[PDB]
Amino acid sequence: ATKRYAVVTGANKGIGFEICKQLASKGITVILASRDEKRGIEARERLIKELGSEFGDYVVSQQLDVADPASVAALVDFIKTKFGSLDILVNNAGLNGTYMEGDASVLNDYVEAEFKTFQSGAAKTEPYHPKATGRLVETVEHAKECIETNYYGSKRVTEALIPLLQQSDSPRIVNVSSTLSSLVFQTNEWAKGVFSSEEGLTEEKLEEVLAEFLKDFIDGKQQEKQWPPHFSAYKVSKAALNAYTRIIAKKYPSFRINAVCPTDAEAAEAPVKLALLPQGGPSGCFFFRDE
């Protein structure tokens, strides 16, 4: 009933776009934030034409690069000067740390090998490239950008919007994570130890794991030190984001703050429900689709 305002980052396509669609249709006013201005503008255009001209006021595009303090800073001023309030933050902007060399479809063989780690719990530490048709590349620079967006970007956007969110009588923060965040994949036992702590976990300790991983990664010691052979930066940053979700969950008890692993409209249903979470929903939990 009460008019609400939401930001969804990385929302010009994919699941984010569907999150935006579903929030706007429930009467929420959505800020569609995207790394590129025109794609965000075009995404807004398609949503109102799909939803109806009566939603033109309920969807707004604003450019947002989460790795860029000035982009983040510009967005807070925009929400401040146009609306004055914020009730929902959905952190969906994210990077893989990976690309495919050669046949792009071999990626499904790499992803397949990872999900069989779920049904055996035996996390292999030696790299195994399923085909010579394609190769899953994980460069040093992509690992920095991946960590910088998935961890530091989300924290930067979250901390910048907390002051506005705290004037909500129901602030909701939703962090879009990934199944690869599961600790079954953390072959490095120290890092797994840090991430698993429920008491005495600090952001400084999280940042030490990220910095330590990036340094063994520079040094070419990914395998020496038992770091994941594939999706390595991706797994560590999204696992870090899960742990960070719990940290700020405990800091702000009046908020409901959660992470969720997510066609795209159905996968968007789980994060959208958490953005409209009743005041009694949990806080600090990792949901796979539906719990």
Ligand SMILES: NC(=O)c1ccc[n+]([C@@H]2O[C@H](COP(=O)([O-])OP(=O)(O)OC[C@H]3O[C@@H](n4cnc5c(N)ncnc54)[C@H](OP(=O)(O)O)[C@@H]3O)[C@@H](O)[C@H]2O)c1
Given for the second form:
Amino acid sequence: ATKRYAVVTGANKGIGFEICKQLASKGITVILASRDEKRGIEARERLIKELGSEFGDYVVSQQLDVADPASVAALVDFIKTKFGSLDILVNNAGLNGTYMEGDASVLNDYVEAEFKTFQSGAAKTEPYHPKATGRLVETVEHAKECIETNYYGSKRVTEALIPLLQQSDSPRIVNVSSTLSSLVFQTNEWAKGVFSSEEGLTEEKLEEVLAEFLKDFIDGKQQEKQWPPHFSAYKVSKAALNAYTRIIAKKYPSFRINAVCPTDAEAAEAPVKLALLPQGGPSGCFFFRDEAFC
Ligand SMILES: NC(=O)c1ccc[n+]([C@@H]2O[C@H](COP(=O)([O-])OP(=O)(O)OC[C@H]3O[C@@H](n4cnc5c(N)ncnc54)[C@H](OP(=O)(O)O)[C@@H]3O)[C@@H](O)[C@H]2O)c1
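Having seen the form solved without this ligand, I'd like the form solved in complex with this ligand now, please.
Up next: the whole complex, starting with the chain shown before.
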């Protein structure tokens, strides 16, 4: 009943777009944030054409690059002067840190090899490329961008909007993570120990793991130092984001702060449920689709 305002980052396509659609259809007023201003304007138009023109006031486009402090600051100013309030943040903007050379479909072979680790717990530490048809390339610069967006980007946006969210009588933060965030994939025993800590976990320790991974990745010692052979930056960054989610869950008990592994419309249901979570919902948990954990 009570009017709510939500930010969804990286929301011009993919699951973000579907999160926005589903919040707007429930009466939430949504800020559709996109790295490029014109694609977000265009995404809003399609969103309004699909829901109906009566939703035109419930969706607003705003440029947002989570890696750019000035972009973040401009978004806080926009929300301040247009609405005055914020209730929901969905951190959906994200990068893989990888691309395909050659046949792009070999990616399904790489994703398959990772997913068997769930059925076996045997976390391979040696790089295995399933075919010579394609290759999953992970450059040093893409590893930096991936950490800078997934960890520091999400954290930058969260801390800029917390002051606004804290004036909500039910503030909600949802961090879109990945199954590759699971510690079964964290080959590096030091880093796994940090991520596993329930006591004495600090943002400082998380950032030390990130810097250590980036130093060994630059130095070319990814396998020497027992870092994951594939999706390496992605795994470390999304695990850090999970751990960071628990840290701020404990800092702000009056908030509900959660991570969630997510067709796109179906995958948006899980973050959407967490964005409208009741007062007694959990906080500090990583959810797989629609199932509890904490
Ligand atoms: N593929 C899956 O089914 C799957 C599975 C598990 C987890 N996820 C997670 O779910 C989220 C949604 O991704 P997706 O699968 O829908 O992929 P996607 O289509 O590539 O969407 C990612 C979105 O993030 C935006 N983005 C990236 N870097 C940004 C930055 N610097 N600042 C602001 N926006 C930025 C992109 O904007 P541009 O269009 O301007 O590039 C894009 O709209 C991600 O966080 C991803 O890690 C996805």
